[PDB]
Amino acid sequence: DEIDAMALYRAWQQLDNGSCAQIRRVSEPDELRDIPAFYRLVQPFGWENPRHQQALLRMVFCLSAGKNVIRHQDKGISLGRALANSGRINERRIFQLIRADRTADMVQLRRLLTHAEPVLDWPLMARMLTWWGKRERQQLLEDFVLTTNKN
Amino acid sequence: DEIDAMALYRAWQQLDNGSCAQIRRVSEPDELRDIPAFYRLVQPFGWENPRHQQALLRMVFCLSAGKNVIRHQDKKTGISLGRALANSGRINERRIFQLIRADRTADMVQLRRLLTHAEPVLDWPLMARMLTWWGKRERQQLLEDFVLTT
Amino acid sequence: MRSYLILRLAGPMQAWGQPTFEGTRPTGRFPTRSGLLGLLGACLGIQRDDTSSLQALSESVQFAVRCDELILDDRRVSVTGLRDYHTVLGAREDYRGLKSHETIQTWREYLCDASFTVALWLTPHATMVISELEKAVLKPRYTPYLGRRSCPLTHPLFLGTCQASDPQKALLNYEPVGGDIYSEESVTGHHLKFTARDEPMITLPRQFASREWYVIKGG
Amino acid sequence: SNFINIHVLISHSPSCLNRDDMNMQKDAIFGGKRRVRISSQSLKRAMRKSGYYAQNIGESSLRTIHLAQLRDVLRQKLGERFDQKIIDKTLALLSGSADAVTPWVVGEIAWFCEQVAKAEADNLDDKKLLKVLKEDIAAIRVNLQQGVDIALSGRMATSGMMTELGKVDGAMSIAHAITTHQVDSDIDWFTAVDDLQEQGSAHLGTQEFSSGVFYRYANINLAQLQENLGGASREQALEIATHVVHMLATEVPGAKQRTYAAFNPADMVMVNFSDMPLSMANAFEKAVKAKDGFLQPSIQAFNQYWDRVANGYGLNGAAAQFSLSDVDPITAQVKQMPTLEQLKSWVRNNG
Amino acid sequence: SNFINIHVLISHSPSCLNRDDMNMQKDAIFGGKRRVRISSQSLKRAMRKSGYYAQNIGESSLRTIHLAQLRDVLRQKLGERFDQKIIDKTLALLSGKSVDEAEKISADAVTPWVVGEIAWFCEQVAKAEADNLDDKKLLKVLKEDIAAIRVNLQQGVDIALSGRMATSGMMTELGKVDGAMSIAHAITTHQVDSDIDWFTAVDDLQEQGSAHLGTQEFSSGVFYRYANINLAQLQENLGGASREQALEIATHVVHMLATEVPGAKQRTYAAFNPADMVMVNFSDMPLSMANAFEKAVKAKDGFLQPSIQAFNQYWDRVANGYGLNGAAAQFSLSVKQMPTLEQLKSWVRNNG
DNA sequence: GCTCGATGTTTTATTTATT
DNA sequence: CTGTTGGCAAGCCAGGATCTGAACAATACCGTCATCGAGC
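Protein chains in written order, with UniProt numbering: chain A, 3 to 77, 84 to 159; chain B, 3 to 78, 83 to 156; chain C, 1 to 219; chain D, 2 to 97, 107 to 361; chain E, 2 to 335, 344 to 361.
Hints were generated in silico from the structure; no laboratory data involved.
Check the hints yourself; a few may be wrong.
[To be verified] For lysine to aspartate or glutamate, the following EDC-like pairs were computed, each having C-alpha atoms within a straight-line distance of at most 20 Å: (1) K139/C <-> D194/D; (2) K299/E <-> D194/D; (3) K99/C <-> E109/C; (4) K142/B <-> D194/D; (5) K266/D <-> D179/E; (6) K177/D <-> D50/C; (7) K177/E <-> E102/C; (8) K144/D <-> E184/C.
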């Protein structure tokens, strides 16, 4: 019972310019529940199932930073290692992500993605966005601090 | 392969006031995962390798008791932790029992409290090995050292 | 070359006897000759009073035992010993009547993590054929066990059959190789001997005469 | 097949169901790790002295053995060593159309025949013979009214049996019960408070105790059971076997039970037929690690083990598995049972 | 049915109701996870010393090893019924110890005594030496009829429920009682990592800091109490009581097991919580439900709801699998639905 | 057929470490 | 039927001391050799 992350990535990359343009326009993830093209995208990924649908909200909202923002690589590079590898993010901003409340965290993450334009392993990040909670924030900070401090 | 415990000791010793102050206010070992200064401290000592992770959590907690609470003193085996705690003459035996009988995370809290009280003089790499393993044998040994010394 | 029958004696606990007339029931390191004759005798339908076929089996079969170290996850597990405090309530006070003791005590030794591979062949003037012994160990009439009835088998008694020069080569055909072999037949480059008193005096029920294994070490 | 294999996984709450001369939990090293143990003798006694056993095995129908009906086969069997005078005299003084006969009966009666023959040779009889052999006769009589108990469990500790043929092994064999996992036992530091002592208690002590998921194994020699029941049928033997299954699934030693009360039933019972009886204890040679309990991983490990080795070990043959859990099942070669009773009936009908 | 099975699910707020040699909470490994434990002896003594027990069942026995103090007590209590000599000799016959005027006379071990039972016994001793009957023959005669002595156990029911042994004296032959009931240690249905209380004792003559700094282990818990009464044995141990009396006693055991909680650290933690769930069941042979919690109950809007649910599910699995159909009543509050504990108690009183 | 009681014999080795 | 791109994301400096960590009482008993002849 897991969302095929790579399939969703491909679905987004192949999606018509119009629909994805409609999706990027959203300001916060909940607003995605008012866009038709959204459902049209996340329908073959079990949007009917609630847990899957919160997960999907986050995943799509991160995928809507741009279409060439998140260059999916493949072993795997975590989000922390990626944002650290960009060299464009300072630690205080990562803190400003992991301390942010509901919805706001996703916005800050979107801005961080636009800013860093990270090369990462997407399915890993998808798993992270699914269990978005104290453990993933923690390991995010861990990866970021380590990768930064090695340089 | 094995954690350079003295290097970690000196590292902790010449750490800036800030990072140190951040590591100190932790209230249980796992919380050290929230402090960036911790990662920057233990990264050269093999943190990105899991076994080392657990060991280092214990070590850095015990050190987080304070910069001047664990006095390293070279070998003339060397002063074991139990011996040190007894040598302080401040620690009641019953507390040592309660320590060696305790369970995970609680044991480290109680140990840090004991260390804070005794301010022990000991062979630090030795205690570091002990913390690395920390099986039931090590805890019994702690208790028996403490008893034989008094 | 002669025909061999290869057996496997594995299970959590085993018990192979040493001389005793007491509540203490001791165990050896490897299966005893009388114990093996008893295992076979149990596979066949031999009753305890059938001294004839008992003696026929005793004079038809010779053995070779190899001690197999248990390897688990690439790590070796040594054979340990076990002492069982075995009490008996209402045990017979005498050999006739119905008078009994409230409680009596015994102490019985077992082998833990032990497993053996037995090589079996026929004496020059044997009565039976390894075929029917094979049939026996494949379809036993009495319940077979490893010394004591409370010791089940975790691996089928039958391991295989083959032909060969000496028992050591026959046993070489079957993993795990390297265990020490105690055989009733010598073997060229080996001269060690292991004295024991487990040759069942049959004409004298439950008695035991002396004999000697040929000890052959493994590499 | 001739053998019935009975495998049981049963989980016990904190208790001390079997100890040694130091009041320490019985254990055993398996796969290099310590398992808590319940000795074979304790388990088998727990069965043999149980009320269920007494009702279904003790008060059985084939219980009583009538020396009368056994006259002819005895007359030939012993007829080669004794003549009919001594045989009939013996039979009649013991008692005061059968096909076959239980071997221990033949043996003990033969001994009695030796005794009465030597009684006639020396010139003697009357209450002399009936006082020399009073206790012996009493014994053989009490045993003659317990045929099923003797066939299944073997002769009692104090039986009265006198011949090599009167060394009656039970038909059932019970292995020691061992836990499927490593166990470091707990300690209970208890006090005994005196109602007449102001300061402190009157006694202090410790008691070792532990939980544990146990693996009981037992097998039944059907042929030997029939033969020890005077040539009974396979079906009757299967009824007895049914009872053995029930007891091995429900009976628990009474040791320390008044105070720890581990009255737990089996969570899994499997029965399978084979020509060679095998224990599935090697399913737990690598000690089972706990994942949401020790029970589910134990059953799972049992199933996986069976699936792996059953074919090669020649365990092909009838096999049924009653279970309370919903863990992924065995190979489809094993017939699943939803109630214990359906399993027992599966056993009654020869599998 | 012969067996009365009592199951209790009871939640306790933070507390420390049972500790060991080092004042730490008693625990027990179950299903690979640590459970907090309340020992069975603690529960039994908590019950037998309760006000409810005193009002409804009677006087708890007198458990002691100090035979001198006991001598004095009996003299003070059985003085106007017997002469001191007889009392002394009776104690000396039951204990196997010489009862003189020593300051300290110690028995073989801590042993439960019933004052009434002792009274009956010294009646027998009086009538024994009066008829010039020595001690051995007296032992034989008394050995011929034990039921009477067990009616003297009607005067000390906790001995009839929990049992008694003696290694010395005539008690060895006459006082051997196998407990009627049977009871398990209370273990939590979930894993517990015990909290630690860092406390200080403030000195009113010490301005600087505190006079004591210490730690105290404690925790919250959803405990599973189990206890079955053997019944026929309860009738035997009471001298041949009726089934009604045994059923009523069992009812009291249900009430207590449902409501009584050890007083340990309750003056500073006060976990005076009643059982949220109680279930009683008649059966042919004992059945514990602890394996409902072999897999530790994971929290879900509390530990209590998933515990009760798990209990019910396992109960159904067992009942369906083993085909158990003994009468059963559950009282719940969160097989029967028992709006009140009282209805469940009367239901038990009336043989189910 | 027992339970009773006196009775054949014989014991002591230590005492501060570190996977 | 059709939805875009570039360019850019900061630095300084700072995390404390005082003083304190308990006592008492209690750790069981039985049986798991044998003999003989006597009284019962």
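To see whether the hints hold, each was checked on the structure:
Of the pairs offered as hints, the one joining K139/C and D194/D is violated, with about 40 Å between alpha carbons and a cut-off of 20 Å exceeded. The suggested pairing of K299/E with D194/D is violated, with an alpha-carbon distance near 24 Å, which exceeds 20 Å. Of the pairs offered as hints, the one joining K99/C and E109/C is violated, with about 28 Å between alpha carbons and a cut-off of 20 Å exceeded. About 11 Å separates the Cα atoms of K142/B and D194/D, which keeps this hinted pair within 20 Å; it holds.
Restraint check for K266/D and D179/E: satisfied, since their Cα atoms lie roughly 12 Å apart, inside the 20 Å limit. Distance check on the hinted pair: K177/D and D50/C sit about 14 Å apart at the alpha-carbon level, within 20 Å; holds. A hinted pair counts as satisfied when its Cα atoms are at most 20 Å apart, and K177/E with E102/C qualifies at roughly 16 Å. For the hint linking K144/D to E184/C, the alpha-carbon distance of about 50 Å lies beyond 20 Å, and the restraint is violated.
Violated hints for the displayed structure, listed by number in ascending order: 1, 2, 3, 8.
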